[PDB]
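Chain Z is fixed; fit chains Y, C, B and A with the ligands onto it per the hints.
The lines below spell out each chain.
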Amino acid sequence: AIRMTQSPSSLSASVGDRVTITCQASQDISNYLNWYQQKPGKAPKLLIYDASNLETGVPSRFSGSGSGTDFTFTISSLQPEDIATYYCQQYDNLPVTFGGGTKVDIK
Amino acid sequence: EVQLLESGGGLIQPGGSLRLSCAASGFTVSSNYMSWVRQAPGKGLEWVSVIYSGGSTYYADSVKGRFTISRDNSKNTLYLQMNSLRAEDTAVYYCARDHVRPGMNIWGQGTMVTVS
Amino acid sequence: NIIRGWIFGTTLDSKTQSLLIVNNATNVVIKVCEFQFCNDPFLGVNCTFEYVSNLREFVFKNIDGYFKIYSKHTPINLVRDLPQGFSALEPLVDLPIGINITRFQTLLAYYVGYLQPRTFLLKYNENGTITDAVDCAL
Amino acid sequence: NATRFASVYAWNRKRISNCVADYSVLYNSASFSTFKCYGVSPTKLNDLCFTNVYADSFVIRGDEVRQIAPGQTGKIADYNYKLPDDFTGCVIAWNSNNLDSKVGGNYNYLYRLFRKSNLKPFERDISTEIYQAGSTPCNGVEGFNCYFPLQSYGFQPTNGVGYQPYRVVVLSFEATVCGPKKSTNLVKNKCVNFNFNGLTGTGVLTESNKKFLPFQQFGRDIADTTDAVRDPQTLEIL
Amino acid sequence: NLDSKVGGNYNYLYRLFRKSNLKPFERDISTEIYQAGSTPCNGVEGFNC
Ligand SMILES: *[C@@H]1O[C@H](CO)[C@@H](O)[C@H](O)[C@H]1NC(C)=O
Ligand SMILES: *[C@@H]1O[C@H](CO)[C@@H](O)[C@H](O)[C@H]1NC(C)=O
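Residue numbers (PDB author numbering), protein chains in the order written: chain Z, 1 to 107; chain Y, 1 to 116; chain C, 99 to 143, 165 to 172, 188 to 242, 264 to 293; chain B, 343 to 516, 522 to 585; chain A, 440 to 488.
The shape of chain Z in the complex, shown without the other chains:
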């Protein structure tokens, strides 16, 4: 089974700072990697699909790139309502596996 590793585990940055987290795959997953935003208590919300494609309605400040085994997720300018836990998942190869998660807090 594939194993996704997500760095960093936690993170705090000022409003407007560039925020970037990584997600390294144990195997090659092509570009079949999605990104979710889960605000406290609520369900996960899909932001980035297929490594680099932005889901319709997501603000432009959210970015994604990477292929093969190393991927990145970037927030252009961090906003207060961006506080949440962000996960990465691969889905092409079974079983579906998630990342460790990254908690984001405002400074």
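Incorrect hints may appear among the rest.
Calculated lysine-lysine pairs in the BS3-like style (CA-CA distance at most 25 Å, straight line) [stated by the list, open to error]:
1) C:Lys195 with C:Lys278
2) C:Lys278 with C:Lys206
3) Z:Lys103 with Y:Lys43
4) C:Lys206 with B:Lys557
5) Z:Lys39 with Y:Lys43
6) C:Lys278 with C:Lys202
Quick caveat, the hints were computed from the structure, so don't treat them as lab data.
Just chains Y, C, B and A with the ligands now, with coordinates in the frame of chain Z:
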């Protein structure tokens, strides 16, 4: 009006059973890829089960043989039959229309299954 | 060289496979495609097999999925009837086609006869050829 | 050795009949990464006669080679090419990343992603109808809950082994197709146990004095006993 | 009820290849590598071994 509404969670003794119903609106369940995903308290996300559009069923190793997933076309509802429940099965159980293409990925709100 | 070929089959209307044998003036061609035939398939005055290469006698029969074709050629000076005499027909083709036939048609005077299950006595001379025969029920 | 291969949804079928099949060209080739036979032995195939042999060829991902097998499930086995549980044949595969992947990405190879129900064994679905995934009908127009049922592989050379294109050939064994059945040399003036074209016996083969006809094979004495034979290779009567 | 396991019981084995058929009441427990091809195996498993 696309949304997933789910219910059926609650307390259950270990080794017991519990079925989770996930009612859909805005699309056909029997024609889509559907998934159950559980999140233990304080932990990350954990994939549970998948049913294809054609009906093929796939399960995770930790619930294989114990959990079952199905659907009802007349009610447009996704089900998750859970048997031989264990203490480590306690989590919030989100049902989600799996992402396959642009903007069809939609998650439920989860129900709290507490095995104690 | 008026007569050219033969069609064998059951319906011969592009519904089932059917043997088509045609000698186009230099080339012998045998096919078993599900041909769509005309009402009167005359020549200008799913295929499972395909092969390409006076008095004439032929014997066509189909036994256990094998289509035996025996033949013999000889000169003749006669118009109004068959010549009287004896001659044997050697085997030329043994098609493994496997298609069962019920009906057939010619493609161009000729003569047609139908076989029956009889017992015969054949005389083989010193050279291995049939020189005379006796019908055991004549 | 074909130059172009078909997409898996529109898999190609070649009907092989009336020929001597030399399977040694295949199982003695070191250029195959997957070669699994079902209900038959690979080396013991040159001794088996069959009525019809079917060779189906297509291109998939290396990840999905495991699905070309009886009783498998997955996006390929369900919706593109399905083998029956009683499959009698062989599955042959090899990597073709050198041929079927372009630098900018090859998009000529496709696979079916959406289908209401699974394919029956040896089913070939080439439909282009828009897949009605929602309550509302599509009317041949794409949009929400209305998706093109096919998806394109992104075959790039930089892909992992599991994502590179693999060319697959499925042989189905269903008599006009037999295996070589080679022969040996013949010796005269010595007691031998012999097996000519359809007959077998024991005896001494000697140069004959008879004149067999061009179509005669087996001699026969007066008392219905084999007397002479025509050697299948050398046009000599023994 | 006795020999099956939820995860699959693989303790029971069967011989899949042999250079010849067994004679009556013959017992073969050898673990020699079967050479399915023309390449000698020399006790090393692999392709056609
Ligand atoms: C039989 O064949 C030989 C030569 O093969 C020939 O000399 C002989 O005349 C033939 N027999 C008859 C009756 O013609
Ligand atoms: C068969 O092949 C051999 C050589 O392999 C050749 O000498 C011989 O003439 C061939 N026979 C026929 C009838 O073609």
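Evaluation of the provided hints:
1. C:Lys195 with C:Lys278: holds (23 Å)
2. C:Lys278 with C:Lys206: holds (18 Å)
3. Z:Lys103 with Y:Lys43: Holds, because 12 Å separates the two Cα atoms, which is no more than 25 Å.
4. C:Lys206 with B:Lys557: Roughly 23 Å separates the two Cα atoms, so the pair holds.
5. Z:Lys39 with Y:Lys43: holds (14 Å)
6. C:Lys278 with C:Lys202: holds (22 Å)
In this structure, none of the earlier numbered hints is contradicted; all agree with it.
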